[PDB]
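Participant: As a plain string of letters, each chain reads:
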Amino acid sequence: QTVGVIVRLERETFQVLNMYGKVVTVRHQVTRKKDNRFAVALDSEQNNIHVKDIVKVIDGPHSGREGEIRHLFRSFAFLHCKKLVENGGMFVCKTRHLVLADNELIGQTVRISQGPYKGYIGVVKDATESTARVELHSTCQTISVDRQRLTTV
Amino acid sequence: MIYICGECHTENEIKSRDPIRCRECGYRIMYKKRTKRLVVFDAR
Amino acid sequence: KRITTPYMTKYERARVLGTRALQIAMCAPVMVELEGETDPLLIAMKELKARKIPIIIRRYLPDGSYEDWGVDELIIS
Amino acid sequence: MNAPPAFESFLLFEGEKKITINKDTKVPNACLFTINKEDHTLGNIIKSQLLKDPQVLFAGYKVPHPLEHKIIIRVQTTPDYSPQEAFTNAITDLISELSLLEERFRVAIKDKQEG
Amino acid sequence: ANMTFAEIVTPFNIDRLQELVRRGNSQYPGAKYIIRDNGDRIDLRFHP
Amino acid sequence: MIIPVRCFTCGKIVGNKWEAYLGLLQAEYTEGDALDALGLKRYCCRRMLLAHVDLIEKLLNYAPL
Amino acid sequence: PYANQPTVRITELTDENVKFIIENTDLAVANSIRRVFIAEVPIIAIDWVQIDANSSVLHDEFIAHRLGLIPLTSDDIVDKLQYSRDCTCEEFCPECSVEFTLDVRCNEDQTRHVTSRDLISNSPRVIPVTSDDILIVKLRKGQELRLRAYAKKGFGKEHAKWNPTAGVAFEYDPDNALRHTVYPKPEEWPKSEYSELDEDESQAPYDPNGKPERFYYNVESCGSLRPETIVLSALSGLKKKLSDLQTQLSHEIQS
Ligand SMILES: [Zn+2]
Ligand SMILES: [Zn+2]
Ligand SMILES: [Zn+2]
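Protein chains in written order, with UniProt numbering: chain A, 545 to 573, 575 to 646, 702 to 753; chain B, 15 to 58; chain C, 50 to 126; chain D, 1 to 115; chain E, 386 to 433; chain F, 1 to 65; chain G, 47 to 177, 191 to 314.
Calculated from the structure, these hints are not laboratory results.
Built from N, CA and C at the ideal position, the CB exists for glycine as well.
A couple of the hints might just be wrong.
[Stated by the list, open to error] Think about it this way: if two alpha-carbon atoms lie no more than 25 angstroms apart in a straight line, the pair counts; the simulated SDA-like pairs of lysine to any residue are:
(1) 98(C) <-> 116(C)
(2) 298(G) <-> 4(D)
(3) 300(G) <-> 82(D)
(4) 299(G) <-> 101(G)
[As the list claims (entries may be wrong)] Residues from chain C that keep clear of chain E, each with C-beta distances beyond 12 angstroms, as calculated:
(5) 52
(6) 71
(7) 76
(8) 83
(9) 88
(10) 95
(11) 100
(12) 103
(13) 108
(14) 124
Isolated chain A (complex conformation):
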């Protein structure tokens, strides 16, 4: 329910700064989330902002500071600032208080009910919106057919 950003590396623990702005001390065995570097967030003035963008904090507890975005959330953003000597320069603010400076048919036994390949049976290797690959049981090949041409067993 809540992500965290490491703000200090220690012998046996991580000092982690979370979305709430609360610095916590946690064990080595938190999970690494897949960062989304292409995520888009809106500042307080309806300007698209991405990571590594220098953004000023005009509202919130950290109002007046200016920092570089390093991580993003649905409604939070983590700002780094070398001048700030707190938590390695890392803090967090809500995004709206900133300003920029698998197909179910896969592996299913199917039966060609329409088209030149009628009669036969196969298994769906790949499936799309329109067509789908079928490994044909009958002959030593695989071919693609419209999903309209398929009828499941």
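Once you have looked at the hints, place chains B, C, D, E, F and G with the ligands on chain A.
Facilitator: Chains B, C, D, E, F and G with the ligands in isolation, oriented as in the chain A frame:
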């Protein structure tokens, strides 16, 4: 699942953690039963 | 007074056609009016027959010096 | 594995026309009929029938590749006659001949049955 | 169908290469990869 | 192993004649006479019964499993 | 400028084969007619095959291949029948297919012969042609073989199992009057059954103004169709092909 003893044709089920053995022969070769999935052939 | 031959060697033809075809593939301007062509190779050949490719060949003489040649200056065979 | 679907050796798949015409530019009155999903069965007989007509200056056919199933028939007639007209007349002549042959073959079957 | 050639997108072949990208690896002829100028490789058998 | 259904070359049925060919051989027919009796004139079909080896008899000796 | 007026003479008529002569015709028409005999006289052959259970020594597709080459009596039914890929049905229906069933359970130490007799059609109009009978596979005690198949309309060009003729003997110019062939030593060669050359010559005198004619046919059926039915359906199919081509050419020219 079901397997056939290779000597006396004794159909028998075997768990996933017991060594195989014919339940009436003691034989130690088993063959899988035929698949119960639909199989079709074009006669070409 | 360029002492080298006034002819285009087959290797020079190969390199100039390949490079100009790649240039055309990179959305370069075409110095000849095409006639509905899509392949850069054919367009480069058309330019070569027109003698309208802006490349300059630099033949390095074995003594370290060199000669410079316009493509239209050389004899295309 | 690359063996073709044999049933797609005589069936027009989608976006394929049975026959197309191309007026050859080398010689006037010269046309090329490209027919898909056919073989020597129609090509040879149509070639012979076109050769029967004296108004057809030249008539021939080829298969560009046996694995493919195009046949290209070149037809050249006099400059008062369409090659398409020659093609249609040849087809009508062959169909009339085969209908006559069917009738005579039925008559022969009946004769041999009674006889 | 397996072996491939790299064609640069130009305003002449944009339609043909667009259709080839649409077809994908499943049918012949098709394509495997889109290589944009950034270097990212979009594989054309997993991203519909 | 088993007799083919048809002659490969021409396509005449031959799968209803191997057992009859054996039976006529037990009558001490010369093999040519036997094949003539079974209506096989073109040597394409005669090749079939003259050169076929019926290994299925040697294969049924094993267990049915 | 019009096609010849062919004349027919049936020399021999039997239920397995037929022998006839076509006169006043072109070579190409005769060649196309024999090509249609082998290629485009459709019949019904067991194509689709579901193995419910197999325990014979022979793997399944071997049995399916053997069942494919079984000829079937399709004299009249093949006309009203239709191609499965053309008909509108889920998989199969009587309008485009015929169901077969087979089940043999050998629990006797004596050898068993699964033959064509054991095939069970759901319509008596189509049966194995032998119904001695064709052997499909030998079975031992303890071996079963159970399956259900479907036979459908097709012709020999698609696959040789739909080939209705067991060989089409063809001849023309038996005396070699046209000299289309060049015997290096004509003395060595046998005379055809139609050649009128007496047994002191080997070639008719070379006719310059001759043309191919008097085409001799001996069409041998597998028994799936009667031979006269094969020839009649051949001519009908070739006429159908040419009429369809005329329709497409008319549409092309109008376009
Ligand atoms: Zn046992
Ligand atoms: Zn034979
Ligand atoms: Zn149907």
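Participant: Now tell me if each hint is right for this structure.
Facilitator: Outcome of the hint check:
1. 98(C) <-> 116(C): 23 angstroms, holds
2. 298(G) <-> 4(D): Violated, at roughly 28 angstroms.
3. 300(G) <-> 82(D): This hinted pair holds, its Cα atoms lying about 23 angstroms apart.
4. 299(G) <-> 101(G): Answer violated: residue 299(G) to residue 101(G) is near 46 angstroms, above 25 angstroms.
5. 52: 39 angstroms, holds
6. 71: At roughly 8 angstroms from the nearest Cβ of chain E, residue 71(C) sits no farther out than 12 angstroms, so the non-interface label is violated.
7. 76: 6 angstroms, violated
8. 83: 9 angstroms, violated
9. 88: 9 angstroms, violated
10. 95: 14 angstroms, holds
11. 100: Non-interface label stands for residue 100(C): nearest chain E Cβ at 23 angstroms, farther than 12 angstroms.
12. 103: Holds, because the least Cβ-Cβ distance between residue 103(C) and chain E comes to about 19 angstroms, which exceeds 12 angstroms.
13. 108: Per Cβ check, residue 108(C) is outside 12 angstroms of chain E; nearest 29 angstroms; holds.
14. 124: With a cut-off of 12 angstroms, residue 124(C) remains clear of chain E, as the shortest Cβ separation is near 31 angstroms.
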